[PDB]
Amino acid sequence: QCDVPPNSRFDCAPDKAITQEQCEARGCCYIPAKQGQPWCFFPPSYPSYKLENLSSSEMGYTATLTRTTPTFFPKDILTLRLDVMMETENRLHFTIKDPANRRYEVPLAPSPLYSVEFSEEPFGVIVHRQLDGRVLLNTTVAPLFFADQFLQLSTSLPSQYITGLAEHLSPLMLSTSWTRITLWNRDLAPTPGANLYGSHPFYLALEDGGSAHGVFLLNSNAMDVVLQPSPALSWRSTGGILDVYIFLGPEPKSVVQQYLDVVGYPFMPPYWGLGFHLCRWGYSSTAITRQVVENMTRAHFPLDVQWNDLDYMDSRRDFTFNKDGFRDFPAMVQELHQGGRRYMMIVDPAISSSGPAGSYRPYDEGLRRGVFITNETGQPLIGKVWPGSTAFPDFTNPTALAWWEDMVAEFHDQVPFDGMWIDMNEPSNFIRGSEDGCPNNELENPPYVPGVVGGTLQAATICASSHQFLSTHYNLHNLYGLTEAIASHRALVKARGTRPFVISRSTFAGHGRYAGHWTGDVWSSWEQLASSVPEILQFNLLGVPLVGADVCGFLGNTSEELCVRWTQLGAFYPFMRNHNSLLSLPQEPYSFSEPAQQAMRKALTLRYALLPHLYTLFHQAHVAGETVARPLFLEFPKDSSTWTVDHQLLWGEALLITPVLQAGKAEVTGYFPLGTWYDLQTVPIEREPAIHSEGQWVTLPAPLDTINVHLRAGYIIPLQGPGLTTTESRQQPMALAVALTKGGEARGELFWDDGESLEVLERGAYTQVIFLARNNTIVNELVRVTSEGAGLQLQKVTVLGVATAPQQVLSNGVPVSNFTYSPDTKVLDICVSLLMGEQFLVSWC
């Protein structure tokens, strides 16, 4: 009864410090660890629920679950309903709910890849992969708890390899050594072990052999997820229901895709959103802000988007501008547009409530329309943020959405900003709960407090029992940032009539359908640089591919060498912004020594060259639920060596980036999956040429002015000529980079539209082209050709891995005007005059 192997003990006192006597009185086993592992744990006989009246339907199954013995938590729900829905061959879905009470729920050969079976007593759901018989879910392993404010469901895991459960600063692969992962959106500088800005209750689990599955728990309550070495996992939520989805893959990429079929495919950003953004707190005037642009331009540094932080505001209030430094804010932004750039600025959620009545429209209308989160007496809950006393909009209230749209649209008529930087949307509060504290009820003081920093649900936020239109804050807290992202997205669509650009701090599952994300107040340090790679990858797995960290870091002072290395790696973040704190030394690219400016300019130049490629990868995310930046294991799951790699990334299938992440290094050791990898340095953009890998670690030269980038054999990459903006670069001629397999083959693609309109795919207003290398030929294949894309000029074709100097190079049957062959590098560089949207044939021999 108490003979349970150590790694398999499930905690019977998750709620408090317990003595042996109390442990044994709960009906549990007490065995001290010899050195965490729980001392108090459930014997296999501990009372759970019993399955009864299991029944079949066309959709799947239903059953009643009955608990006859209470747990140690209050308000056990003794009778539950089980519903199992076999929704697709790839997707299994089950819920457990109270049949007598509607509980809070988040507002969201032919055969399945899975089979399901049930344990009767104690109750459990067992899900096998049909193909190899492997056990993916087994909830029999621990008791089911289902109490008003405490849900626990556990499972065995099929391996020690699991990723997901944002937002935390951790390796891509989570530790299963008694790790407690807390999902409660919290304003805090990224650090290991803490609940951070967002919550994504989703994991992907690898299985021996390289298949994988995913599990989503659709639950927005504060929760702990506890992983143990057996290996196993327990969800512990503080409310709601169990709403579980299992995605059968079998490939890691399909798991991600199947997960996004439920939560939403990522939104398609405007092309301009993919250029360089530059911001700091401290650009304290329009004159200083104009100087940033001027300084970048004179030093030939590309810049698509200038930003402002709090600086622009009048006394730190949304939807105003001060009349000292920012008197001519409208003219600055118009000027920006005149030069072919965009403008972004910070918006906070909380609205100043202390102004004289009649003098501040956002609050005054807010009041009239009842848009704000309210307290016990029905009055606005007042906290403290930048402007002082503030009320907090309820983005679940339809009237609040309408009010948000008005404020954005009215401010947009004054200053034509191109998107919104939504910060502080945990929501963050400078004080605990409210100016008036919080009441004493079960929501503020719950029977189980997850492991949140501050040890309370109110720390750095508003009262848990405060009222919103759809429910209490207790239930909705983890959706705050999400709901604001939805509101802002809609607001920007209505105000501007083109694709919105929303960058949000706080997020939830499903966020990437509406907005992007930056990882928050990271320190300017080597460790945070290194940590940003797993974090960027994680968000990509979670369907938020528009993500990055503050290039060169946010807090403290960057160094020149750190900024060089941060810029090199950061140019490979899908969302690329250098942002800096109030107190920090300047870190704009132009503020450094000449050799460092050169390395930084080179990294920006390579990013801009690759923008057509990066844009196509976002197209694949948007229509097929693909990742943009992806870990090696997503692309080479069968090579088990890739499983723990999180300090390299891929862009899509073909581009392997291997950064230096340490001070004083002039080399880097990177893993190279089986195949040939061409050094991108061999492609002309306005040391071994090829790595021939068996699946091995390779040491690469990486002096300060270099980041290592290789192109997988078998792939063709579209590139475009230079510009300091995408307005410029989009008008330039294009080039292909063709990486031949040894057998002379390669494939690639280009998606092209106008860069910003809505409904492009639905209206068919794009061009899609495929490129094929075969038998010493390169042709294009025209999937779709329209006015947008038809006049793209192809001026250059570079072929990697051509073994012998050719005697003739033809374009459409005519000797080209010039080519080079380099016998050292195996590169054939061809000048051409062709159109992306008209069929061509380039041959050599």
Given for the second form:
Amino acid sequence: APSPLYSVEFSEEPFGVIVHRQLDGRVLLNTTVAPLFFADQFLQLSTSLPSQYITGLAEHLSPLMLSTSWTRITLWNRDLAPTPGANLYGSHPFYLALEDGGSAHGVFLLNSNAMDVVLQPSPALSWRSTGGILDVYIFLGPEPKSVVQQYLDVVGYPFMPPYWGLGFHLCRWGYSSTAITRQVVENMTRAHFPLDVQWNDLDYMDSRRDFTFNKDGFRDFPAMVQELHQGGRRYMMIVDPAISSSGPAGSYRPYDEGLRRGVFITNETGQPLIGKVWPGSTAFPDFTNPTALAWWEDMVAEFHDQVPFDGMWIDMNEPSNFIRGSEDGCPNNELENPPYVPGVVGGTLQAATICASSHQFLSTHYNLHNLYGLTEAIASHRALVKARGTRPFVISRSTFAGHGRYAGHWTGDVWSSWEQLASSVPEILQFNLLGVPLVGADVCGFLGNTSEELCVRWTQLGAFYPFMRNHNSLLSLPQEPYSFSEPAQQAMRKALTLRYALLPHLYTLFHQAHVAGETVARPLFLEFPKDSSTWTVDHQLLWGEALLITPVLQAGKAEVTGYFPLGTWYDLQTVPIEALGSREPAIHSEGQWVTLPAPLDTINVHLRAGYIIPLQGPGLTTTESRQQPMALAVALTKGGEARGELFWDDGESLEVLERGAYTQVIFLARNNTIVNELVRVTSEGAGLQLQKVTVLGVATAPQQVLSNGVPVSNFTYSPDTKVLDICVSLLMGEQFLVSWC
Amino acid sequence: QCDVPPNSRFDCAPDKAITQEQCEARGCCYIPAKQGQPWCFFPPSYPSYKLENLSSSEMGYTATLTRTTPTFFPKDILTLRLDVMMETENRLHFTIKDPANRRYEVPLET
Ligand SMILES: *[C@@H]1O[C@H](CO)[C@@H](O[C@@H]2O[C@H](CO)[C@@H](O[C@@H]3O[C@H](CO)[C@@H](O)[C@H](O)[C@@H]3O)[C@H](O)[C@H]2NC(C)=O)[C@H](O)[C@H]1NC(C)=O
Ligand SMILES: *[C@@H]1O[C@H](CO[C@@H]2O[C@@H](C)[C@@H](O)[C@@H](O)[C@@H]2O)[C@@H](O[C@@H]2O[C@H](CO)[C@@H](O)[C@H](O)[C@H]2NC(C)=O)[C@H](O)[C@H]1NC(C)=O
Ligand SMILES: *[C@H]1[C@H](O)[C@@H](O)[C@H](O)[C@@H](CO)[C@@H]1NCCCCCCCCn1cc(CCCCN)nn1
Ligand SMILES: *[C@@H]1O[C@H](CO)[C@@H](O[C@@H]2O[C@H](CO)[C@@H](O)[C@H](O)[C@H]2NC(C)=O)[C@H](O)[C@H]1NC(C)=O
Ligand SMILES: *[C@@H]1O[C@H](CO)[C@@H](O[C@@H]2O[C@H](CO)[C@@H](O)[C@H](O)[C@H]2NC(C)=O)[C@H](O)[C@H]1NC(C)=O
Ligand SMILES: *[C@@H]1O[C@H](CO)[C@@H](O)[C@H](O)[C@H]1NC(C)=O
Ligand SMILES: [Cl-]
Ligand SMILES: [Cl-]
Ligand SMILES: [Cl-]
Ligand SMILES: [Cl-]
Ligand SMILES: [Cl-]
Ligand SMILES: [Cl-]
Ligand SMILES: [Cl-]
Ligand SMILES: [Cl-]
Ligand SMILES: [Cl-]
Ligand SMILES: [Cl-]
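Right, and the form solved in complex with the partner chain of this protein, after the form solved without the partner chain?
Full complex below, order starting with the chain above.
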């Protein structure tokens, strides 16, 4: 029946907006609960919440479900190693609120000013902003997945990454030559560890300047990167926002050209604001200035003509300042000293950043600070499209709402600790809810020294981060997979092998994010919201609808206890996976906690009954893996049914969906048959070979297995595991029928 | 007037440390917590905005909001415009703005 899902009414005095869910009459928003404040530098709007269960308001180190016990959450982008109760690198003024029975709604306050959000146990929320206007969106769901899709209809669907971006990335601060960088690739290859992307940190630079490389350790930088490409790998390197202002005039084009075109944030007298970062004295590009976007595009394209890098790692883009405000301090005005200062670390908006009253093209830094990182990610996305002519790959530290339309994220300077390993699961899930699915933490941790046991568990869990990079700080012990004992290497190689086998599935999950605003890594409550036991689960994750990951997140554990929603969950260890180098088969759950064996060499992964997963053969790169034959894993319901899909394209071209340059196939199991349904077949995906079908939950040994009506060359049935393993010679792009009886 | 359940008290001194006398001078309620919860909080009669001239549009509603008593913050905007937009079956959108001055707005594509 045609009607909105919401009804709206107003209180006259005191003023309030009241929003009901029409279907059940539930009050979702009621701003009558507290006074409306609207002063030049202080806005406050309050509401009742429908339950104690609320998620969002990144970026903070906390449980997925936020505490309503008098919690003050501060949104002010800040360079700080993740720690509880602190404003960190990004700001996302969006929450999703759960309602008794499993419906949900979302609220987005489109405001980029420093703000506090105060949660209290009535339960209620107060938005407190230091500027701008109140611009509020309410998303009625009713399903939590639909709330996220509706939010992303406003801020942007996630960008489609290149296929190679889903491979393993390896980085550290301290690879101080091309000779050392080449040895990392050699050492990974020798020990049969997949590696798609070699990174460098600031080591490559000449005197710590952007768009340079030193003529000592990195003299042959262009050749190193050309050689990586010849072997089928990609190359990434750090780019900082701040531009060295100290060099002789005419000797450093990024500063000289930036000055000519007026690209920099300026101060009260109209000159560049000068801060301190790696190069020493630096100016800060204004990425709200159209001329700065043109200058950045030129600097990136010119540097790419010297060194053909495949993407940009943009760090320090809060913007981060080693000193407070500027080398010349900050003036005494109401922007630098506002009447309400939110709960920021350091108790001032200037701490670890630039003056709030500094000038940008669109407004003052006071209003635009929380967009700085986002504006650099947009500038860099555009620069990479123009320089390379294929899909960009931007990984950004600082973020704002809508970031995921342009770039990915990593959670920053996490400690090599069991606590930070455990904390990474809620943070990766939170960024998926916020439309930044290309997210992960530094595998084995960034700060301090990892242990072998921690790096095994972190690699196991980190193989299920949508963005998987091992990165390490300058003063840390090495933590490359090849640096550990043989048994630890075997466990890390198994985790990377399983991730590579699942890349066709992970890529299809990114396709659904990009076309339909879906999540890639998702909490159990998004998939089973009507089961209230899922609401507080944040140490397990799903990939899409079907793959449940239950990691060990503590030292000395050989088991883990996880929640299994009602249904059958097949142990993925019953699916054969080919590796280049060296327990119940099914959980029948009523909706309950289950203790699983989890020795050091194991991470628990279960496949939900009713789902089909596409898999691909092994490689040390996606260049190799993408040429391999494919396999299906078919998880049957009790009733013999399953469904899945595969999205395939060339893995890097722009405008694939608009041009139709892709293959899309649906798989259906019913009545002892497996078929494909061809949604779209083109030259990209036409050659895809299917050589193996594994069927889980086959109750009795078949007497015959047919492919297109003819007995297959070979099959195995395991009566202990109920697994039917079938050898076939089929094409994803041509209609087939596999059957058994 | 000050009989507000502890969990439903909204902070009337979010800006500074306040005394009972200063709290009561703002027209707020002072009740120490028994052991966080604000000690200084708004009574239900604390001055807010009043809705005036609510009007129906094809997209939803518009109104004027008027504050008669200043807050303890400087530069209250005493006259605001409310716009309510029923954009889709799933999406409701409202803005509160200063009708006399363009204020900073986050750049956002339609
Ligand atoms: C706005 O930014 C500009 C930089 O773009 C600031 O210019 C700086 O002004 C200070 C003095 O106020 C200069 O310091 C002086 O240096 C000279 C010699 O180097 C020394 O003899 C003086 O005793 C003093 O230390 C500084 O050189 C200059 N920086 C540059 C790069 O030129 C300007 O102050 C900023 N305006 C405001 C109001 O903050
Ligand atoms: C509430 O609105 C009334 C009436 O405004 C008029 O009708 C509206 C639909 C719109 O078209 C306006 O432009 C009209 O002026 C306002 O009362 C009027 O105030 C004006 C200006 O002071 C005065 O000339 C009229 O005589 C008033 N008319 C009446 C019938 O009283 C009123 O000010 C608005 N309230 C607020 C708080 O803005
Ligand atoms: C960003 C990212 O988080 C990491 O993954 C990267 O590996 C890091 C390196 O690129 C990067 N963070 C680097 C942080 C450096 C911290 C420096 C602390 C500054 C203290 N300081 C400096 C000064 C004087 C100014 C000197 C200017 N050179 N005073 N205090
Ligand atoms: C929205 O919140 C307001 C304020 O909390 C509620 O209004 C109060 O309701 C109580 C209890 O019924 C009354 O005794 C008060 O007089 C009301 N205050 C005001 C200012 O009117 C209101 O019930 C809530 N609306 C809905 C639909 O839940
Ligand atoms: C790549 O692996 C090689 C071989 O293991 C490493 O070189 C050895 O490193 C040890 C230090 O632990 C030295 O004492 C040996 O002399 C080295 N052996 C050889 C054969 O040179 C090398 O350090 C690794 N490089 C990187 C970048 O990981
Ligand atoms: C990491 O190990 C190195 C080498 O023993 C040591 O110097 C350093 O202090 C360690 N760091 C921490 C934080 O323990
Ligand atoms: Cl809770
Ligand atoms: Cl419903
Ligand atoms: Cl302008
Ligand atoms: Cl402005
Ligand atoms: Cl429970
Ligand atoms: Cl438990
Ligand atoms: Cl064929
Ligand atoms: Cl007192
Ligand atoms: Cl006061
Ligand atoms: Cl005033």
